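Number of protein chains: 2
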Amino acid sequence: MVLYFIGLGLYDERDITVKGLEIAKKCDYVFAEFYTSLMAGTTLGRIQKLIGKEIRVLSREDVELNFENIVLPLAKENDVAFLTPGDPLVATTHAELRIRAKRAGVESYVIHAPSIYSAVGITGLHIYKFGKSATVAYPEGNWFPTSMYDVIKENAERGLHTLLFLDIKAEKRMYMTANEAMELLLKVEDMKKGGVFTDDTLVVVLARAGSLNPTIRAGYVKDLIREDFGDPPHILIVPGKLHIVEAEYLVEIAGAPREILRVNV
Amino acid sequence: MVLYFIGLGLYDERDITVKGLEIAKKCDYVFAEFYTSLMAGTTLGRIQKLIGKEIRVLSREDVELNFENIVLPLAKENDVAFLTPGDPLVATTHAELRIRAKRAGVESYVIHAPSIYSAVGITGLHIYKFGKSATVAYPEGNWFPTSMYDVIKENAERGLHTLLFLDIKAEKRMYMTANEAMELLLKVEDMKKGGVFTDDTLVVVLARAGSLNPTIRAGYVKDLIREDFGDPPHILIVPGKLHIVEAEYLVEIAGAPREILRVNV
Ligand SMILES: Nc1ncnc2c1ncn2[C@@H]1O[C@H](CSCC[C@H](N)C(=O)O)[C@@H](O)[C@H]1O
Numbered sequence: 001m002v003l004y005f006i007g008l009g010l011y012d013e014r015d016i017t018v019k020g021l022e023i024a025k026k027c028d029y030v031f032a033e034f035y036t037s038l039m040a041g042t043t044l045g046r047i048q049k050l051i052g053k054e055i056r057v058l059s060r061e062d063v064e065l066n067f068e069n070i071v072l073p074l075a076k077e078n079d080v081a082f083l084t085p086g087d088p089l090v091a092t093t094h095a096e097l098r099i100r101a102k103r104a105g106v107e108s109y110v111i112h113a114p115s116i117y118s119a120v121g122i123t124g125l126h127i128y129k130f131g132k133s134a135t136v137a138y139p140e141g142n143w144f145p146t147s148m149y150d151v152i153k154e155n156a157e158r159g160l161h162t163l164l165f166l167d168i169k170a171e172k173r174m175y176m177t178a179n180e181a182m183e184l185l186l187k188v189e190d191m192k193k194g195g196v197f198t199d200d201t202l203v204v205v206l207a208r209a210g211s212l213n214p215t216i217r218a219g220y221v222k223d224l225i226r227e228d229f230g231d232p233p234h235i236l237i238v239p240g241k242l243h244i245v246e247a248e249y250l251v252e253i254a255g256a257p258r259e260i261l262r263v264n265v
Numbered sequence: 001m002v003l004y005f006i007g008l009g010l011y012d013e014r015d016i017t018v019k020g021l022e023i024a025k026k027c028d029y030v031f032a033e034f035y036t037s038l039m040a041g042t043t044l045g046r047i048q049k050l051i052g053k054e055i056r057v058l059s060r061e062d063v064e065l066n067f068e069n070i071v072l073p074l075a076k077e078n079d080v081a082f083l084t085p086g087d088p089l090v091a092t093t094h095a096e097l098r099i100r101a102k103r104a105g106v107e108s109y110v111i112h113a114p115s116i117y118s119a120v121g122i123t124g125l126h127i128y129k130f131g132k133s134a135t136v137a138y139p140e141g142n143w144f145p146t147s148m149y150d151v152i153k154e155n156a157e158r159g160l161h162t163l164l165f166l167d168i169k170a171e172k173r174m175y176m177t178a179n180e181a182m183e184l185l186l187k188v189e190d191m192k193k194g195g196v197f198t199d200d201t202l203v204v205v206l207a208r209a210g211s212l213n214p215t216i217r218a219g220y221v222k223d224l225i226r227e228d229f230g231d232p233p234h235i236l237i238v239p240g241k242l243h244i245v246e247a248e249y250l251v252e253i254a255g256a257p258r259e260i261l262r263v264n265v
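If you read the protein sequences in the order shown, they are chains A and B. Everything in the first sequence is counted per the authors' numbering, starting at 1 for the first residue and increasing by one. Everything in the second sequence is counted per the authors' numbering, starting at 1 for the first residue and increasing by one.
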């Protein structure tokens with residue numbers, strides 16, 4: 001009698017780990033949420049098919065307000081599993097749910113899955129060189145988010161790369177593009193003129209990580225802010241000072257201007 | 001005419017994604033490497049039975065010096081797979097291999113899998129608050145590494161968490177423990193007296209991630225320095241200032257002492 005946190009992966013249903021599939025296949029009740037990220041290459045049907053169980057989907061409100069009412073209860077008598085895109089505990093507040101589980105007298109286990117946070121390694125940028133991370137959020141009301149700007153500034157000053165999580169509103173089916181983010185940033189630039197994010201800043205975009213053919217592009221903002229990378233989800237990265245080997249991967253694989261090959265030491 | 005970089009996961013032969021397995025089976029040749037890391041929770045033999053293909057294990061020199069002489073040739077006329085622990089491209093040196101694949105006129109695809117870099121999310125610490133990452137390499141002869149120490153310093157300075165990869169001797173099959181890593185850090189503290197890592201520093205240890213029974217513990221060095229965290233591999237983490245939720249998780253789940261609720265928050 002337990003509760004399982006299983007990640008479904010980056011793109012399609014096949015991105016679940018074997019461990020995760022075997023275990024999902026033996027649980028009595030299987031819940032899931034699809035609001036923390038977007039798996040562009042699959043459908044609830046295929047997941048349900050692959051697993052072999054009916055998956056009751058939950059909304060942000062069900063999860064955040066009644067997890068212990070809807071899911072935890074069954075967990076005491078049965079073997080329940082909660083599915084989520086990517087890795088269940090990366091860039092979500094699901095970790096807290098484990099405390100609910102404990103306090104509800106329920107044993108919980110975690111089955112990891114490929115996360116966008118580590119998939120960025122496909123851009124050639126050294127993983128250890130990524131600093132703090134941030135999320136470009138949808139502007140709303142009379143307030144224009146600005147934190148993500150300072151973060152890029154802080155990391156850049158230290159020579160670190162910045163991972164920018166783009167926003168999502170599942171219910172409204174809104175998936176921020178790298179373009180919608182490059183614009184939101186250029187605006188924060190003018191508001192602060194910090195030299196952080198301009199038209200000559202180098203940027204890398206990763207779209208549909210997990211698919212066989214993700215869109216990996218690196219270039220100056222001016223030349224990319226008006227490009228079609230493809231369907232979502234999109235991720236934006238503002239690199240710091242590149243290593244020669246990083247620059248070479250970006251040029252040879254990501255299609256960046258040959259000029260970055262010449263790094264400023 | 002195609003090369004696949006498939007990730008093997010975190011601990012056992014089941015940490016591979018259904019994607020990576022289905023593909024690995026459809027390959028004419030399968031290579032692997034276990035020098036960047038080690039699947040402590042399985043064996044090459046158990047892995048070979050899951051894939052149902054034999055696997056030629058490549059040494060470090062093999063890959064870094066003659067990848068284009070051992071792997072790429074067969075990739076021209078067949079579909080070849082290259083297995084590596086964790087998620088590919090998280091080992092900085094693997095990325096450049098894709099360039100070589102192109103140079104030799106070969107298609108290369110990447111099949112991600114759970115990485116320790118993202119799995120750390122299970123510690124209850126927020127992913128975005130992780131800063132630059134470092135590695136605690138085994139000292140040798142007159143050599144006494146110290147960069148890691150500074151990496152911690154710069155991160156916690158900015159309220160960021162520090163993920164410390166512990167060293168490994170693949171061949172000799174020798175895992176560095178969290179305890180050992182702590183002793184090394186305390187030794188650098190005494191050498192630089194920066195206040196960065198002391199008997200009162202709070203740390204989190206994560207052992208055997210990916211397993212259903214990983215060890216997750218959090219406390220002050222003076223109590224974890226000699227604590228037994230179980231079989232390898234080990235990962236050490238020096239957290240920055242904690243959000244009340246991280247602290248609660250570290251207490252409710254990682255058995256951290258209540259003191260952290262009022263000291264490290
Ligand atoms: N497959 C993918 N490709 C590119 N970006 C992705 C992605 N999956 C998620 N993202 C990015 O991350 C955001 C969701 S945050 C949730 C991440 C998920 N928990 C994980 O472990 O991967 C998306 O809005 C997008 O900005």
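Just so you know, these hints were derived from the structure itself, not from any lab. Check before you lean on any hint, since a few could be wrong.
Claimed, not checked - Now the stretches of chain A that chain B is said to cover, found in silico as 3 or more residues with beta-carbon under 8 angstroms:
| # | region |
| --- | --- |
| 1 | 14-22 |
| 2 | 248-260 |
As the list claims (entries may be wrong) - Partial selection, computed: residues in chain B whose CB lies under 7 angstroms from chain A:
| # | residue |
| --- | --- |
| 3 | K19 |
| 4 | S118 |
| 5 | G124 |
| 6 | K132 |
| 7 | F229 |
| 8 | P232 |
| 9 | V251 |
| 10 | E252 |
| 11 | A254 |
| 12 | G255 |
| 13 | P257 |
As the list claims (entries may be wrong) - Distance condition first, Cα-Cα at most 25 angstroms in a straight line; then the derived DSS-like pairs of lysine-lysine:
| # | chain 1 | residue 1 | chain 2 | residue 2 |
| --- | --- | --- | --- | --- |
| 14 | A | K129 | B | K49 |
| 15 | B | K76 | A | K129 |
| 16 | B | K193 | B | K153 |
| 17 | A | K172 | A | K222 |
| 18 | B | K25 | A | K129 |
| 19 | A | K129 | B | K26 |
| 20 | A | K49 | A | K129 |
| 21 | A | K153 | A | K187 |
| 22 | B | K76 | B | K25 |
| 23 | B | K222 | A | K25 |
| 24 | A | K153 | A | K129 |
| 25 | B | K25 | A | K49 |
| 26 | A | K241 | B | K169 |
| 27 | B | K25 | A | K192 |
| 28 | A | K241 | A | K187 |
| 29 | A | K241 | B | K25 |
| 30 | A | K49 | B | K26 |
| 31 | A | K26 | B | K187 |
| 32 | B | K153 | A | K153 |
| 33 | A | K53 | A | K25 |
| 34 | A | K25 | B | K49 |
| 35 | A | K25 | B | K169 |
| 36 | A | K153 | B | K26 |
| 37 | A | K193 | A | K169 |
| 38 | A | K129 | B | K153 |
| 39 | B | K129 | A | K153 |
| 40 | A | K169 | B | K169 |
Built from N, CA and C at the ideal position, the CB exists for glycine as well.
A quick look at each hint next to the structure:
1. 14-22: holds (count 8)
2. 248-260: Contact hint for the region 248-260 of chain A vs chain B: holds, 4 residues under 8 angstroms.
3. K19: It holds, given that the least Cβ distance between B:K19 and chain A is near 4 angstroms, below 7 angstroms.
4. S118: Nearest chain A Cβ about 4 angstroms off; hint holds.
5. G124: Check passed: Cβ of B:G124 comes within 5 angstroms of chain A, closer than 7 angstroms.
6. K132: 6 angstroms, holds
7. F229: 17 angstroms, violated
8. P232: This interface hint is violated because 18 angstroms lies over the 7 angstroms limit.
9. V251: 9 angstroms, violated
10. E252: 5 angstroms, holds
11. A254: 11 angstroms, violated
12. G255: At about 12 angstroms, which exceeds the 7 angstroms cut-off, the nearest Cβ of chain A leaves the hint on B:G255 violated.
13. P257: Violated, because the Cβ-Cβ distance from B:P257 to chain A comes to roughly 17 angstroms (cut-off 7 angstroms).
14. A:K129 to B:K49: 37 angstroms, violated
15. B:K76 to A:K129: 34 angstroms, violated
16. B:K193 to B:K153: Given pair B:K193, B:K153 holds - Cα atoms ~12 angstroms apart, limit 25 angstroms.
17. A:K172 to A:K222: With a Cα-Cα distance of about 29 angstroms, the restraint between A:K172 and A:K222 is violated, given a limit of 25 angstroms.
18. B:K25 to A:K129: 34 angstroms, violated
19. A:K129 to B:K26: 35 angstroms, violated
20. A:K49 to A:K129: Since the Cα atoms of A:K49 and A:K129 sit roughly 40 angstroms apart, the hinted pair is violated (cutoff 25 angstroms).
21. A:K153 to A:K187: It holds: about 15 angstroms lies between the C-alpha atoms, which stays within 25 angstroms.
22. B:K76 to B:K25: 18 angstroms, holds
23. B:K222 to A:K25: 44 angstroms, violated
24. A:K153 to A:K129: 15 angstroms, holds
25. B:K25 to A:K49: With Cα atoms ~22 angstroms apart, B:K25 and A:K49 stay inside 25 angstroms; holds.
26. A:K241 to B:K169: 31 angstroms, violated
27. B:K25 to A:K192: 54 angstroms, violated
28. A:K241 to A:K187: Roughly 23 angstroms separates the two Cα atoms, so the pair holds.
29. A:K241 to B:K25: 40 angstroms, violated
30. A:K49 to B:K26: Holds, because 22 angstroms separates the two Cα atoms, which is no more than 25 angstroms.
31. A:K26 to B:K187: 49 angstroms, violated
32. B:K153 to A:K153: Given pair B:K153, A:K153 holds - Cα atoms ~19 angstroms apart, limit 25 angstroms.
33. A:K53 to A:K25: 7 angstroms, holds
34. A:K25 to B:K49: Given that 25 angstroms is the threshold and the Cα spacing comes to 21 angstroms, the pair holds.
35. A:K25 to B:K169: Violated - the C-alpha atoms of B:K169 and A:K25 are around 37 angstroms apart, more than 25 angstroms.
36. A:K153 to B:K26: Violated: A:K153 and B:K26 sit about 46 angstroms apart, past 25 angstroms.
37. A:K193 to A:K169: 30 angstroms, violated
38. A:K129 to B:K153: 15 angstroms, holds
39. B:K129 to A:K153: Given pair B:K129, A:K153 holds - Cα atoms ~15 angstroms apart, limit 25 angstroms.
40. A:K169 to B:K169: 46 angstroms, violated
Checked against the numbered hints given earlier, this structure breaks hints 7, 8, 9, 11, 12, 13, 14, 15, 17, 18, 19, 20, 23, 26, 27, 29, 31, 35, 36, 37 and 40; the rest are met.
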